[PDB]
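*Asks:* Given next are the chains, with one letter for each unit.
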Amino acid sequence: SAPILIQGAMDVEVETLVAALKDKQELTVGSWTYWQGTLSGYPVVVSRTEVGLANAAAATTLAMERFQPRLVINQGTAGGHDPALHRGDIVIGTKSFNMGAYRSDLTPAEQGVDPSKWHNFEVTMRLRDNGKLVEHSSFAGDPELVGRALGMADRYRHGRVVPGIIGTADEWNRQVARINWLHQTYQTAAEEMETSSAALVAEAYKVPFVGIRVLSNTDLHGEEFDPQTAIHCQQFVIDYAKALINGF
Amino acid sequence: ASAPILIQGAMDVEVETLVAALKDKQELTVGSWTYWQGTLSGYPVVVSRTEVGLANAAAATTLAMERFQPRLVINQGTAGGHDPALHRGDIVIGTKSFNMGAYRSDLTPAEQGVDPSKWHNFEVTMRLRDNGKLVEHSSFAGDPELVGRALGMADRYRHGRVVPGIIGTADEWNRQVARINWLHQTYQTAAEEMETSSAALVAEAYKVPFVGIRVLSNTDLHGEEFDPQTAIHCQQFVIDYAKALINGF
Ligand SMILES: C[C@H]1O[C@@H](n2cnc3c(N)ncnc32)[C@H](O)[C@@H]1O
Ligand SMILES: C[C@H]1O[C@@H](n2cnc3c(N)ncnc32)[C@H](O)[C@@H]1O
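Those protein sequence lines, which keep their order, are chains B and A. All the letters of the first sequence, read from the start, carry residue numbers 28 to 275 under the authors' numbering. All the letters of the second sequence, read from the start, carry residue numbers 27 to 275 under the authors' numbering.
Same shape as in the complex, but just chain B:
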């Protein structure tokens, strides 16, 4: 009877989920609202996380403490990093990582600022397990959960469903050269602001996790934000959750 936890950051990324639940009960603690109900007769909790790494981690931790979910699906919209992808495509996160984590080597003021010399700062993803330090350079999507989403690709009719790497940061990048550099360096499919943070907390609690992100925008093709993509993503996720539930 442990629920599926489904997350979205903004109201537009959760309202379609909420509408799908039967016998809803709403809970708000701190800044974070949860709707507890059923899908196909099975317990599901929808979480509106708010935006960014701190919010995502708090909302995920609070859900672990309150609901003890059996798996977490983090979803919502993202911006394209891979030129092959277009608005409406859905990325299933083979892995996510904190793309915004940076360490730089000492340079005197005369040398100016050069972000291309910044290194990914992996300590931000380091955890402890039974008190012992465990390094992480990324968080893998649960591979069975990833595979399931890919196997359901043809049920999504508003773009392609592809595996990719999700770069999480407290950033919205619109400098195309920066997007290109991040893609070349980290092989990112897309950027957003929550996935690796929720994933970090899921790893700490040893709960299976998958990130599912629709491209609502990509400055690589001049495609501006389309809020309807967030609805289409939730529709896919409802179908996906119901498939999991059929198998329970």
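By construction, these hints were calculated from the structure, which means they are not laboratory data. Some hints here could point you the wrong way.
[What the hints assert, rightly or not] Here chain A is said to cover these stretches of chain B; the calculated rule only asks that three of the stretch's residues, wherever they fall, bring their Cβ under 8 Å from a Cβ of chain A:
(1) 56 to 69
(2) 148 to 156
(3) 217 to 227
[Said to hold, decoys possible] Using 25 Å as the maximum straight-line C-alpha spacing, the simulated SDA-like pairs for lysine to any residue come out as follows:
(4) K144/A with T134/B
(5) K159/A with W208/B
(6) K144/B with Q95/A
(7) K51/B with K159/A
Here a beta-carbon is modelled for each residue, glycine too, at the ideal position from N, C-alpha and C.
Could you slot chain A with the ligands onto chain B? The hints should help.
*Replies:* Okay, now just chain A with the ligands, sitting in the frame of chain B:
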């Protein structure tokens, strides 16, 4: 039972002195986060080892709220100098903290390259909801009475100045001096570290008084490399500070 003071540090060196100060301890670990529950001057205190960075800090703080319901939060530890007036061993009391790592940029085509001077602070990362209604935050103010108390205790600190300042939190360790200078000039930062504003965000959501207290363990503005002894010194000051609050309870 009395609601505890919650005292946080990210790394072992930032909490071992606090933990040694508690009486009648028990140690609790959930997920990746360890807590020591005991007493200082007979009053309940929980010491939290948060691990490093914004996600860890927020998780550790949230878990503490759920498990322990503290009456106030002191987030402490070490930091790197951004203000050239400050040196290793000086302590900054956070008049405010903010997510210095949060960046938004306007559209530029590839040929214009990358320009971080055009990456603006992205305030949505600090936006919260209060009873379901959106509340914007461009920073989190340290509880002003807590901040004031720390400043009033300045001459009890034996190893440097105690000053008010702005704490810039980011999942970053900057050693490009031109970038440190740019951050200082843009945001009036005293120091940088990796947790404060994230713990502050959670404390604001829960409406629990919060103060950040950071010692400079390093500053590349003066060629001063990391000294771990500063972390011990900071904890000593924090214990004195906590005992003063407790006397007032
Ligand atoms: C503001 C909300 O929008 C998502 N989001 C959608 N597109 C982007 C993008 N190009 N860059 C960063 N975040 C994005 C964030 O993950 C966040 O939750
Ligand atoms: C790695 C630990 O060290 C702290 N810390 C100490 N000095 C710095 C600095 N110059 N920059 C960023 N973080 C620093 C972080 O807050 C983190 O917890």
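*Asks:* Hints first: check each against the structure and report whether it holds.
*Replies:* How the hints compare with the structure:
1. Beta-carbon proximity to chain A at under 8 Å applies to 4 residues in the region 56 to 69 of chain B; the threshold of 3 is reached and the given coverage holds.
2. Here the region 148 to 156 of chain B counts 8 residues with a CB under 8 Å from a CB of chain A, which clears the bar of 3, and the coverage holds.
3. Taking a C-beta to C-beta cut-off of 8 Å, the region 217 to 227 of chain B contributes 4 residues in contact with chain A, enough for the three needed, and the coverage statement holds.
4. At most 25 Å may separate the alpha-carbon atoms for a hinted pair to count; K144/A and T134/B meet this at roughly 21 Å.
5. Restraint check: the Cα-Cα separation between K159/A and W208/B comes to about 38 Å, which exceeds 25 Å; the hinted pair is violated.
6. Pair hint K144/B plus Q95/A does not hold up; C-alpha atoms about 43 Å apart against a cutoff of 25 Å.
7. For the hint linking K51/B to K159/A, the alpha-carbon distance of about 20 Å falls within 25 Å, and the restraint holds.
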